[PDB]
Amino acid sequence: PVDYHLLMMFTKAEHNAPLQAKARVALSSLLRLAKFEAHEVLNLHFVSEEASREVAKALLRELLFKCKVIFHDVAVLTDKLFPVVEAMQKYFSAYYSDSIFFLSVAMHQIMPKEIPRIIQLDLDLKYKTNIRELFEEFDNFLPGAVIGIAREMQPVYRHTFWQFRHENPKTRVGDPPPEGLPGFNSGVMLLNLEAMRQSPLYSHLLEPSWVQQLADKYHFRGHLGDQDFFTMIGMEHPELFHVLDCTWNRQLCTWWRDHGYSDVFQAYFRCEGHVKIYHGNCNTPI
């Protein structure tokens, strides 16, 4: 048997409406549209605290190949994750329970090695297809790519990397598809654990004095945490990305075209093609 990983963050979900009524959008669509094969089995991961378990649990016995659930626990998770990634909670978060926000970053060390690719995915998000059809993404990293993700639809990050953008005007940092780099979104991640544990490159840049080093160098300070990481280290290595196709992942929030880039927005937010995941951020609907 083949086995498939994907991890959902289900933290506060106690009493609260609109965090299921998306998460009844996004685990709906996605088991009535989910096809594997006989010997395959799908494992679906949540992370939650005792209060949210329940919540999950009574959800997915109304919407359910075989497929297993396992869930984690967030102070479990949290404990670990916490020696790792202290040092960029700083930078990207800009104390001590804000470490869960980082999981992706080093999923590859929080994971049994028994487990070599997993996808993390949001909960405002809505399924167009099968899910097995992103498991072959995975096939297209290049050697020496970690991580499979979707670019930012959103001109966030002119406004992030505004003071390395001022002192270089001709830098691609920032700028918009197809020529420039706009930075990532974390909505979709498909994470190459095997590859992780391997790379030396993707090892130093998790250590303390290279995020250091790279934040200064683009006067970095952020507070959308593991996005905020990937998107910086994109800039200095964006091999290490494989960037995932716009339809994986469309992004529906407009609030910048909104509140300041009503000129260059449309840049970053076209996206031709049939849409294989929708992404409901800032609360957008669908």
Contents of the next structure:
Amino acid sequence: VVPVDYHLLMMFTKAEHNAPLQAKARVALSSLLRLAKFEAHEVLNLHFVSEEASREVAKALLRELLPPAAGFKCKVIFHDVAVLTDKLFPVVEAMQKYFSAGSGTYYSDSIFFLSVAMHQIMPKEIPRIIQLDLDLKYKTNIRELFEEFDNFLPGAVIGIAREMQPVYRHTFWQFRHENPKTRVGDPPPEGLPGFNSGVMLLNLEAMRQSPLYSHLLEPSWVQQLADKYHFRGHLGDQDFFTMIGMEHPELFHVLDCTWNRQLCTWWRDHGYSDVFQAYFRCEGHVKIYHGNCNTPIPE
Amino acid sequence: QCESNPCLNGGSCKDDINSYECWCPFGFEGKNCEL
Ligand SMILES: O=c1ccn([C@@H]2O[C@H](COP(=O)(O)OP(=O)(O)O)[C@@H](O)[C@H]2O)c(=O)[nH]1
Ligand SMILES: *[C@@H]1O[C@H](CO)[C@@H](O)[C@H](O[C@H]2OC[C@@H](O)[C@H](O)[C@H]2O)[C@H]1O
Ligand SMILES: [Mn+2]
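Given the form solved without its partner chain, state the structure of the form solved in complex with its partner chain.
Time for the whole complex; same chain goes first.
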């Protein structure tokens, strides 16, 4: 049997003496592994981006959870946050001033853009990868998410779920003001509410092979679009994808909300009580919960 | 990370050094859109 690889990537940094992060990672990784099922020839590759202290914390957590109940093959890989930061920076520098907390351009923010240049960072042998937050709880076999790659329409490079709060309604205020009739920042099903980065299907091949996507990474394109949209953010990759998602929705396969059911309600209590429901509504059988903004996940 | 700017104008982080005005979403008032 020719072995078939599946690749996941999670950020796991500054985890030493950070108990809330470790407990989050524990909830994510146990549900993931408890519920995952893979055929005998298949291998689940778990990529962690970590400085050396967090690598050790991750190893201690992983040993307690591996091998997985289901008995499938699993490989753990660590990538140095510092090595990735230096590889990312040339590509990512120019977008940092628009999407980082706050300004200007710091190395410490570069890693929050890893997904945007993932196709240039991972070895070419990896054709696809799913990048996942650690404040998640899995309610299904992660293997099922991979089939959504098959639903990418021509030109689509990334699979991503919508943002479930009106944060982008707020961020795009001036563009909305100047364009009363825009769908930019509006709720679904017909509005463009932007994206959440907690669950992302990164088709590295399609990213590498897309002329449009490559252009959008260029400093002058980043700058032209940020100017056009009067866009400032501090959520990194999420903000960049949201923005180029306004201009070029063909790039994105929108995942159903049940693949990244966000629980954060912070924006409800900060000016958006009326419209909040229209953003936050998600129905159907939930596959992944996302306890964003430190929101306890139900049990 | 930074706390989101509750204001509609200026940078994405609250207490943007380069901002002097704060325009609050409807129904809120104050230097940080409190009440
Ligand atoms: O100190 C940190 C903060 C964040 N993260 C990772 O970055 C993701 C994004 O942060 P978080 O989920 O807290 O942000 P939110 O989902 O609220 O935007 C987390 O899930 C973690 O994987 C990390 O490794 N160390
Ligand atoms: C504004 O700042 C607040 C408080 O620091 C954050 O909680 C907000 O982020 C949350 O809502 C938007 C989601 O995309 C984030 O994942 C979530 O943490 C931030 O917009
Ligand atoms: Mn998260």
